[PDB]
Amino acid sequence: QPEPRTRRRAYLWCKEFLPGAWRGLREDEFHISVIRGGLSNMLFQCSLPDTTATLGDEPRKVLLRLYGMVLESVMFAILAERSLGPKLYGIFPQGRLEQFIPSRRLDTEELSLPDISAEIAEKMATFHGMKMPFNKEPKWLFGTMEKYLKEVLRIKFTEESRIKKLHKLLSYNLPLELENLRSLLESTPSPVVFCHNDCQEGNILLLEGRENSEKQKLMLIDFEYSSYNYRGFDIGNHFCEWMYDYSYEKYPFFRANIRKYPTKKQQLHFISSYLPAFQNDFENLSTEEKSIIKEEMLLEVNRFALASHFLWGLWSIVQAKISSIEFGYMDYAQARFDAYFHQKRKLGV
């Protein structure tokens, strides 16, 4: 349960924005509980009295999201219209009402289950074929990294620990290294598509009641960082996410495990599912040509995986200065940068 200053707001929003029973519902009939609290993007679960029959096809239970601009909204509406996302039941200046999808999030170690990562591949490829009314020019990747790098070189921390950690990070010569990375990635062909850009296990729902479905038990959510971007980044980033488990209950509240990065075999298995789903003609290609393509895609995504480390490393340093959320951001930054340089050595680039 929430505070008084809300739940009423939540009451009004549900009563005004939802059809059916919601329309005549009394403030004492309103059921609401917290799904995730905090200062920003708070989730809530609102529901009709179980003793209330629905008048039409309106939802019994809904997700309320409180922001705590225009593109984010257009995108969610579109994904909703195409059944790629939760339905959009209502939208307003300080949040929105979304479909409540009975489910849990994936856990890190589940990303490696052959059936799971085969469906994530298939879903990412599908996400990747969608037309969106947004800029098709791949500005996002280096634009965001420059934006973050510049912030980082302006960040001053008070406590000695953060100063120390920032100092060790700045000692990699991030500006120079960004240019080394630009060189590498420019010379690495990767089709521009609509990328989720944050395809981590916490954004993948296992839909309850089909945990037994072999190719249809997952849904991708949270598209807040989505944009047109190099394909290799969405895949590389997701592969990186195999190494990071955010459920750790002690500070810094994540574990990094480099050994958990997908093996070549595991990589070939993800992309062997991705490709058929991304170009429908791929399956009919010559056994030999498929491997030509797969070997190339492996080079492609493992290289862009470096951008995942670099971008989210920088991102993490900024979050440290400004976020309230309890999470060891600097240590995570240090982890992403270690994995960065470990991956460079591994690739010999």
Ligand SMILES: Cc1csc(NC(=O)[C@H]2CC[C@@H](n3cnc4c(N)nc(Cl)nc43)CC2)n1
The other form holds:
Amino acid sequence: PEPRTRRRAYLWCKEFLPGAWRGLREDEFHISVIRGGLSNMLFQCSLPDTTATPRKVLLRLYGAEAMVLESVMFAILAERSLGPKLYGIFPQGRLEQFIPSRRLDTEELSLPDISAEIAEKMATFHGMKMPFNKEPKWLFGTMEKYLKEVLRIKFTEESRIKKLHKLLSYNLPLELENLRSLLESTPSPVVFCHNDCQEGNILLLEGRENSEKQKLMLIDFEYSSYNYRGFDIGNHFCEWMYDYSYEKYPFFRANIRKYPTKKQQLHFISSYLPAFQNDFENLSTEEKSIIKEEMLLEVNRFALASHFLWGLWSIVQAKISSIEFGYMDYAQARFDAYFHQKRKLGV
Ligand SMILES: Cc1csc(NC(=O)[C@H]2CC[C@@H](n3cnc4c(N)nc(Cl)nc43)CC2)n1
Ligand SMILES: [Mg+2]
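I would like to compare: after the form solved without the named molecule, may I see the structure of the form solved in complex with the named molecule?
All chains and molecules follow, beginning with the one already shown.
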């Protein structure tokens, strides 16, 4: 961090944080990076070990309408103990509780205890009443948004042109309508969705590793909105196939075989349903199975919208992102998986 901003950070923490931060000099202010990106940047600010009395906070610099919303949403989830505590909010960013933890790894998503908890937390999130638009316009609204951007994009480099040409050759505008007809035919309750429920957005809390049902916290609610519940679950299933930790180009690995098996999907929803609908436990065996089977159809259909949306999203990112990542390859992997899924489903 360039030392000019190492100043601002100091002030933000001097002004906004209580106790020993109030009477802190600039010569005792440690702040390391946590993640660059020139957008939604994260830093760890802390005291010297020498200063008696929180000792560590996270600072989030925004970088690049939706600012009002994100802020209220974060504040609400903090108030309700569903998110990190909010300690300071300003134009450039916010100071948040630092949660001692690590992000999950992809392989961990399939661990029965982890899956069960993720299902529980998503269910809780889905139960939240939030002060936002309750109409489910997000999913197609966003896909149309990205689609229009996609059709406008021109790349100078030659292989990017060929990659894009291959993607445009699927006839994306017609394929979107194909998905619309399928998804408008597939009922799914509208709820407050995380919309980006990937391993990277799930913290395993330090010293709770032994807890069976209470070791996780969903974070990063950048894409959260009222949306079809099938999207949140289908999208999460899809994330079983993608590992963003790979250290070589394109900086992800995709594995269609790691998509949850029927059994793994039933285990997830088995834990989702009681958590979401409290009386669910008390239905007949017959009735539970009906709901489960319907739910498998629903989530596996919406899974198609996860490939499609993130596919489009990734083409745009290839134009405009500063992040070192193989977007065009990722987009192609999402479309591969999209068609593979349509084939598996007979749609
Ligand atoms: C150099 C360095 C020191 S620590 C670090 N990375 C990490 O600790 C991981 C795991 C914890 C995670 N984290 C903890 N609190 C939060 C929070 N409030 N919001 C978000 Cl979005 N993430 C949070 C950050 C990413 N890098
Ligand atoms: Mg993943």
